[PDB]
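Fit chains B, C, D, E and F to the supplied structure of chain A, relying on the hints for placement.
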Amino acid sequence: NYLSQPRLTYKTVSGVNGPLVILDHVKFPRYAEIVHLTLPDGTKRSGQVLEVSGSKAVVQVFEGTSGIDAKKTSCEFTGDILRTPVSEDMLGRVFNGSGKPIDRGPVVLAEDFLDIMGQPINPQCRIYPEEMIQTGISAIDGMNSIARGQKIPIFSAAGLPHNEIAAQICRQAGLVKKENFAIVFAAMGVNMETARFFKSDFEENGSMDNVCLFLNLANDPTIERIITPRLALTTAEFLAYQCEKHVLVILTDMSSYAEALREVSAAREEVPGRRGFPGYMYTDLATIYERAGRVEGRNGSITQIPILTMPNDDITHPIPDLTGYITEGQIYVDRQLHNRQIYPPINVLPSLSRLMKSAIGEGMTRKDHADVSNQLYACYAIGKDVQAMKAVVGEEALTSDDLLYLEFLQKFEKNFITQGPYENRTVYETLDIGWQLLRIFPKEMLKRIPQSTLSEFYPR
Amino acid sequence: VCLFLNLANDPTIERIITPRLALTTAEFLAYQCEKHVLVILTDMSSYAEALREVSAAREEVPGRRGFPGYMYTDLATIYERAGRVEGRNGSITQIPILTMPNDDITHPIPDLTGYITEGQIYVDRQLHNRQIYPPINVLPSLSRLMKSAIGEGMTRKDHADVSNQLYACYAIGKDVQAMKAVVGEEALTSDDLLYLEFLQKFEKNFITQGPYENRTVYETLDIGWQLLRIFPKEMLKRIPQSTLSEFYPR
Amino acid sequence: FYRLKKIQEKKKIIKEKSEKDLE
Amino acid sequence: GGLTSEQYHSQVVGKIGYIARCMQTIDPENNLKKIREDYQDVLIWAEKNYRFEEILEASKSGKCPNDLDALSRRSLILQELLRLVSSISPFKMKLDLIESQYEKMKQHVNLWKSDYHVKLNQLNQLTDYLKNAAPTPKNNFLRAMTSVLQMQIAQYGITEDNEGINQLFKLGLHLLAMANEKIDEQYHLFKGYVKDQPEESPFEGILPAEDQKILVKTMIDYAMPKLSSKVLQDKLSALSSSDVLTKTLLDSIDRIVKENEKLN
Amino acid sequence: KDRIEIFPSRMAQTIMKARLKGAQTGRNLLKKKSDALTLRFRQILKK
Amino acid sequence: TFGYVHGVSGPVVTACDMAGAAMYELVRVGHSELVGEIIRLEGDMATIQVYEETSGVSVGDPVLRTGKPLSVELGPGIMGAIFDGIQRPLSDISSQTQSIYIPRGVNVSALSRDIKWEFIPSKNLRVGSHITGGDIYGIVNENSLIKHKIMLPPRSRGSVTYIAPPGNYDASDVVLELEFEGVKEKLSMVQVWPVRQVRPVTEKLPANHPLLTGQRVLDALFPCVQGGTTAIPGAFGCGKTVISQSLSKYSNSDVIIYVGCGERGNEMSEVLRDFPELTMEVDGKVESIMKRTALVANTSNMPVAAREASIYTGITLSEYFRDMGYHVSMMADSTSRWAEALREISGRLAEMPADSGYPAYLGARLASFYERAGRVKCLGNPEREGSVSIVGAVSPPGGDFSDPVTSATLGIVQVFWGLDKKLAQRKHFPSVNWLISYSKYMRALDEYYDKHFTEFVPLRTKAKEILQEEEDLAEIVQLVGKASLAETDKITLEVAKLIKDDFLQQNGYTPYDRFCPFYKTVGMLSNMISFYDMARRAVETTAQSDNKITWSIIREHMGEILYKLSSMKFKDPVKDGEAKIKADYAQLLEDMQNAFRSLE
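Chains as they are written, first to last, in the deposited numbering: chain A, 38 to 215, 225 to 506; chain B, 257 to 506; chain C, 199 to 221; chain D, 11 to 274; chain E, 4 to 50; chain F, 17 to 616.
Excised from the complex, chain A in its bound form:
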């Protein structure tokens, strides 16, 4: 049932070593036990047991170890691991990375106490992603449509507007509407101004009733940055798999998480793996991301968008590389579109929603969607090639068809990819904009589309 037995409290700090506090004479410590330290002045500091050996408990303290000493410091041991106080009332609310509230509301009245670490979703019970989530952005919803239960990152780079994109997805996201959908938004490693941006932007624009927001600031404890995704997913598992919700879990910078996992690894004195990150990051990252999908006999399904700042703009870096191995696809923010002031600067060409063929078509959206998206992709690819050709040969050397792919290219970036931060577009409105662009070409030039789809939708 519950821990009926009282907590021991130890003054027996044998030492301090950076963020570690080394207790000794400890009775039967647990690995990953939560502990509550008190400084000599009476100030509380929270910590977690990072290692155990015989009588010794190595506590990683969350805040710095400033003020800790070998005599007056006292450490209370909670007898248990960290359990999230989960509930549905976490929707409409904002929490710090530890799960303490920061919206002036009360502490969470837990519907359950769930271990943050989760468990593997039994592969026999997992169900294939088979309906759409609208993200509101046309460069996603019309081109890279996300299936409910898909995992798909937004790769970005330092200084690109991926937070404004993630904020827009948090505002606009929902079911197709041919009541029970929720965002969970883990904001890891966010500077103070950006945390105020998310908090303000979701509070202002009506969204809060369908989002749970976790903020971990850039200067919050590095171990709370590790807890924050595990806390968010534990909440998303409660909302999806117990409360039957559809859930979209947004993680705001996995790079800042990798740069945290590196610290916890260095704290255990583990030797660094490839490029200075822990070799086991593939599993830890998977253990985050795979807390996703629909499940047998339930309506609930966690969809996920791990936003990820590619270090040095480079896809070969282990952070994007491992994310591309675990997640079903990727979406790219592009510095070129950003410099062109195209917002949202999502580049359609290297992007791929791996699952999109089961999010879209008859019954799920509209029968034309795949045909439209293929033809738009082809016309944008040919348009980019013809735009490069114009720059080589001059406009006089272009055919009439080249001028169509080039006029399409200009109108496509200005109407399809461009959207602005608060314009919300359905899948249906995105397809009708898609047709307004495809109508530029002769019916016969739309080669990837079937003649039935052209006969039903080429007319305007």
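One thing to keep in mind: the hints can contain errors.
Stated by the list, open to error - Example chain A residues on the side facing chain C (calculated, C-beta under 10 Å, incomplete): (1) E315; (2) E316; (3) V317; (4) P318; (5) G319.
As the list claims (entries may be wrong) - If you want the footprint, here are the derived chain B segments under chain F, 3+ residues with CB under 8 Å: (6) 259-272; (7) 351-360; (8) 493-503.
To be verified - The list that follows gives simulated cross-link-like pairs (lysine to any residue, SDA-like), each with its CA atoms no further than 20 Å apart: (9) F:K301 / D:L260; (10) F:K438 / A:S124; (11) F:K301 / D:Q160; (12) D:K70 / F:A599; (13) D:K70 / F:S175; (14) C:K203 / A:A313; (15) D:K58 / D:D79; (16) D:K58 / F:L141; (17) C:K213 / A:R321; (18) F:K498 / E:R45; (19) E:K4 / B:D360; (20) C:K210 / A:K215; (21) D:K180 / F:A599; (22) A:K215 / A:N345; (23) F:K443 / A:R494; (24) E:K24 / A:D360; (25) F:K307 / D:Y139; (26) D:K272 / D:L260; (27) A:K93 / C:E221; (28) E:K20 / A:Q382; (29) D:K141 / F:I162; (30) C:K203 / F:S25; (31) C:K209 / A:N54; (32) D:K123 / F:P398; (33) E:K35 / A:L449; (34) E:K20 / A:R321; (35) E:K24 / A:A313; (36) A:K430 / E:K34; (37) F:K498 / E:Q46; (38) E:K34 / A:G440; (39) C:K209 / B:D360.
By construction, these hints were calculated from the structure, which means they are not laboratory data. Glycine is no exception: its CB is placed at the ideal position from the N, C-alpha and C atoms.
Chains B, C, D, E and F only, in chain A's frame:
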């Protein structure tokens, strides 16, 4: 013949002793029994992988690509157990074989082997893909002892000269092929086109040979001259006028 | 990696020796 | 290929004990004298009541025959004769045929490569399917055809290229593979078999009288729906007095169907 | 000769990826030039 | 028996009173029985790499040893099962727990107990009878297809003291009792085998028979032998399912094993959703392919050791079926994901990196796995042959084969069906790039083709040459146009087009191409190359003549034969008898011969 087989699933530390057992048998047969021994050591790369695995387990100081820093000495402890010895009619010849990882000649396995061994015989995809069996590429190949195991009492007088001129013509043939790949054959001179035609005729007749076809060295040199006769006599800049006068027209 | 690993092993030896020195 | 020495000698004494079990099972009376002589060197070590340890010591000591390649070849020849003699279960073959087929296998290069083994594998598939077969036309047809095949194999062996046996394999395995809803094709194949046999009564005495009646009934039952006239259905019903399946019964059913095809 | 010999560093990996994208873009721009010239050249020959 | 936890740091659990413990022994840690392997011993202490998350393990917790290294339960009840990489039964975990989650520290017995299986004892056996490892002491009817041969474990031997009579028995009932050296062994249907140990054999035979896929390119131009080692560049854009589903529905292997090496969560559920719904025709009945397979599925967040073990589990299952004399096919759908799991173990063991950060022993761990394929004479006395074929996919980043897992795999596998996104984008299914792809088994299969398809080796050789000539001629077409080619070369492009468009392509969703028998495959290629030889003879016979044959004349006077050469793909072995199919092929040979004879 004596066979030592260590299979790809047999315990990988046995690979360290496998060639050492073979050599210890070869040493008995050559240095005590005066046999003329040939030792074949197959995938010295699988030996070097066994050194890399053992090196990881031991925590040795790593050299290049994670092989142990002593890989040269250990490879020498295998390879230097070769040669003739005074007062004995015996001899250990060795022809080790190795798979160059990712075809890289600068990889530590071929590279340290290349330092220790008396030249090397190279096999190439650029021959094998064109079905040229045996796919031996002469250009990177050398044999350090060819500078002695040739000439009167051993081979025909011309052998050294023919070999050097065949090397020059094949090398120039590869260089003009690299020019053709940029500027096209219309930029090549008639002399350069003859080196490209030499490279074709050379691979088709000198390197190309049946899996059971046995050719003598004297037959191989007559083929060599029949290829060298493609050029005008004066272009044969590696061959002396006496060797040309004794062998070029025949 | 190799330097950091050998350092970590020397530290573990020094810790074990330092605990043995308490006897 | 190789094994631990304890494994190798354990397999030797295994194969000896198995050759003995096969020899006793193929022949409980010791009639197959020439065959038994070609195993006397292994049979003695099982006919003597030796413990597994005692035969294992004799194997390590080289007193038992201990070449696993020779034992595997010799064991294989014996069990593939045992499969022949066991496969034909309702039709026990003559001793002279058994020793003849044994000699042909002993003379062969490799029994796994031999068409002898291919034929027995095709028989095994067909026979094994019948062991749990529910009552249905295809299954009754295959039971009948397999019984003829077992009889003819017991009359001519496996190595003889008897055209009837070879066709009965081709037709049997086709009917076995043929999908269970394909009733008209099952009927057509079974009819085609009886049409092509030399005998006017190919199944007569091959199988139980109840099964013969089931075959006759089955052939009648799928013809009756083709008749638009009750008088023609009564002429076809009068043919159900027959019990043995015959070519003449098939021709009679066809004659009644052809008479209705004229009378429309 | 066979390589540029910039000294191994993450800077040099970035610079060599940039040089590769530069050279590959140059190839594509010049391939469009060659195709357009080839078309006009064959048209003029027929004329 | 059990030790006690002394310390924990991440997944590393040090235990004490472990003086009786062994290297790589399998241990249950904590009150929740978390799995782990002993990676070191240091006295009466053992260091255990715990697989599952150790959060909540405490000093002084029990540490229960299993008397075994990491091992697979083998026995009846494998067919239809779904396993994780360490043989835990994912279907039964689901049905017992009624949870969407695997609970940390499952102890569910891998083969389901309590199911009384129908057992028939091997009727030759008696009390006092001699027996050796791999002897089939009885048969279990676990499903309609796969009669399960129960066999003596490879290390057990002696005299039968008892055998159970015919009846119904569950996996814990003692079916056999035997004695050796005065010591009795009681024995069950369940058999435990160390997963990293090769199940021994009488002999690994040379592989000599095709593993027919029912797919024209795969069976004709790049054949894999029964017992063969092969790879596929499994990536989304190439359509990898075209091979794996075709093998699963049609191929001439009696049993199949799947290993999810460490696949993406949703891609794993595609496998687990799809296979239950697939079916095979057997003896004219239709049955689910789950009657003949087991799916060793693992999502990317399964424990690292389970992903690294998963490949060895699948082959250890496959070797048990091989020892039953079955031909197994084993699919391994991303050897790269397994190599990542292997790299993570090495990283956690703080071992030194080698090529691209992989461990030194990657080459050995790959090679010692692919060498577990092949045909065999089984252990034990009924002399039966069997095999495992290993179809191990690779995933080189950006297609770059220099990736060490990919390079070492291509250094070992004898066949490589090089699927290509450029062909899949054009819907050229089965999407195999014939320039990239290869097979080394052609030589070894000559015996089979000589016996059964004696003209086919010539046809295969000619086909490969015609395709290679198409790629060479395409350079001349790009330089100077099709009009500039010789007549021989123009007809070579036309036949290469027929080969590429209607021989090598095969749309498996169509009723006529669901499967393609080898005789149909030979007959198709025989007609295309018969047309090639007759056209080439007509051209070459009229070389330097006044009137000269060319592709346009052939298309004018016998364009019907070109139409038939395409149309032959539509012939259906279900609706058309073999004689009808063979006769249509023979008629097209006569038709084309008469048609060319009317010209020259």
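Going through the hints against the structure:
1. At about 6 Å, the closest approach between the beta carbon of A:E315 and any beta carbon in chain C falls short of 10 Å, and the interface hint on this residue holds.
2. A least Cβ separation of about 9 Å between A:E316 and chain C falls short of the 10 Å threshold, and the interface hint therefore holds.
3. Using the Cβ-Cβ criterion of 10 Å, the hint placing A:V317 at the interface with chain C is satisfied: the shortest such distance is roughly 5 Å.
4. For A:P318, the suggested interface contact is upheld, since its CB lies about 7 Å from the closest CB of chain C, less than 10 Å.
5. Below 10 Å, beta-carbon pairs count as interface contacts, and A:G319 has one with chain C at about 8 Å; its hint therefore holds.
6. Evaluation of the coverage hint for the region 259-272 of chain B: fulfilled, as 4 residues show C-beta separations to chain F shorter than 8 Å, against a requirement of three.
7. Counting residues of the region 351-360 of chain B whose beta carbon lies closer than 8 Å to any beta carbon of chain F gives 3, which meets the minimum of three for the stated coverage.
8. Judged by the Cβ-Cβ criterion of 8 Å, the region 493-503 of chain B is not covered by chain F as claimed, because only 0 of its residues qualify and three are needed.
9. A distance of roughly 28 Å separates the Cα atoms of F:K301 and D:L260; the hinted pair therefore is violated under the 20 Å criterion.
10. Annotation: proposed proximity of F:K438 to A:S124 is violated, straight-line Cα distance about 49 Å (limit 20 Å).
11. Our distance criterion of 20 Å between C-alpha atoms is broken by F:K301 and D:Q160, whose separation comes to about 24 Å.
12. A threshold of 20 Å between alpha carbons decides the hint, and for D:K70 with F:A599 the separation of about 61 Å lies outside it, so the pair is violated.
13. Under the criterion of a C-alpha separation no larger than 20 Å, the hint pairing D:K70 with F:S175 is consistent with the structure, at around 18 Å.
14. Proposed proximity of C:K203 and A:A313 is supported: the alpha carbons are some 15 Å apart, at most 20 Å.
15. Using a Cα cut-off of 20 Å, the hinted pair D:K58 and D:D79 is violated, with the two alpha carbons roughly 24 Å apart.
16. For a cut-off of 20 Å, the pair hint linking D:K58 to F:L141 stands: about 17 Å separates their Cα positions.
17. A distance of roughly 28 Å separates the Cα atoms of C:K213 and A:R321; the hinted pair therefore is violated under the 20 Å criterion.
18. At most 20 Å may separate the alpha-carbon atoms for a hinted pair to count; F:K498 and E:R45 meet this at roughly 16 Å.
19. Between E:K4 and B:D360, the direct Cα distance comes to roughly 17 Å. Compliance with the 20 Å bound is thereby established for this hinted pair.
20. With a C-alpha separation of about 64 Å, the suggested pair C:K210 and A:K215 falls outside the 20 Å cut-off, and the hint is violated.
21. Proximity of D:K180 to F:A599 is assessed by CA-CA distance (about 18 Å); at most 20 Å being required, the pair is judged to hold.
22. Proximity of A:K215 to A:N345 is assessed by CA-CA distance (about 17 Å); at most 20 Å being required, the pair is judged to hold.
23. Taking the CA atoms of F:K443 and A:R494, the gap is near 12 Å; set against the 20 Å cutoff, the hint holds.
24. At most 20 Å may separate the alpha-carbon atoms for a hinted pair to count; E:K24 and A:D360 meet this at roughly 13 Å.
25. Simply put, F:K307 and D:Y139 have alpha-carbon atoms about 16 Å apart, close enough for the 20 Å limit, and the pair holds.
26. Simply put, D:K272 and D:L260 have alpha-carbon atoms about 18 Å apart, close enough for the 20 Å limit, and the pair holds.
27. Note on A:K93 and C:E221: the hinted pairing holds, with a Cα-Cα distance of about 18 Å set against a maximum of 20 Å.
28. Annotation: proposed proximity of E:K20 to A:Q382 holds, straight-line Cα distance about 17 Å (limit 20 Å).
29. Between D:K141 and F:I162 the alpha-carbon distance is near 15 Å, which keeps this suggested pair within the 20 Å criterion.
30. In summary, the hint linking C:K203 to F:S25 is supported, as the alpha carbons are separated by about 17 Å, within the 20 Å threshold.
31. This hinted pair checks out: C:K209 and A:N54 have alpha carbons roughly 14 Å apart, not beyond 20 Å.
32. Restraint check for D:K123 and F:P398: the C-alpha separation of about 17 Å stays at or below 20 Å, so the hint holds.
33. Proposed proximity of E:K35 and A:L449 is supported: the alpha carbons are some 16 Å apart, at most 20 Å.
34. Annotation: proposed proximity of E:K20 to A:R321 holds, straight-line Cα distance about 18 Å (limit 20 Å).
35. Of the supplied pair hints, the one linking E:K24 and A:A313 is violated, its CA atoms being roughly 40 Å apart against a limit of 20 Å.
36. The straight-line distance between the Cα atoms of A:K430 and E:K34 is roughly 15 Å, inside the 20 Å bound, and the hint therefore holds.
37. Restraint check for F:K498 and E:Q46: satisfied, since their Cα atoms lie roughly 18 Å apart, inside the 20 Å limit.
38. Simply put, E:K34 and A:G440 have alpha-carbon atoms about 15 Å apart, close enough for the 20 Å limit, and the pair holds.
39. Annotation: proposed proximity of C:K209 to B:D360 is violated, straight-line Cα distance about 39 Å (limit 20 Å).
Violated hints for the displayed structure, listed by number in ascending order: 8, 9, 10, 11, 12, 15, 17, 20, 35 and 39.
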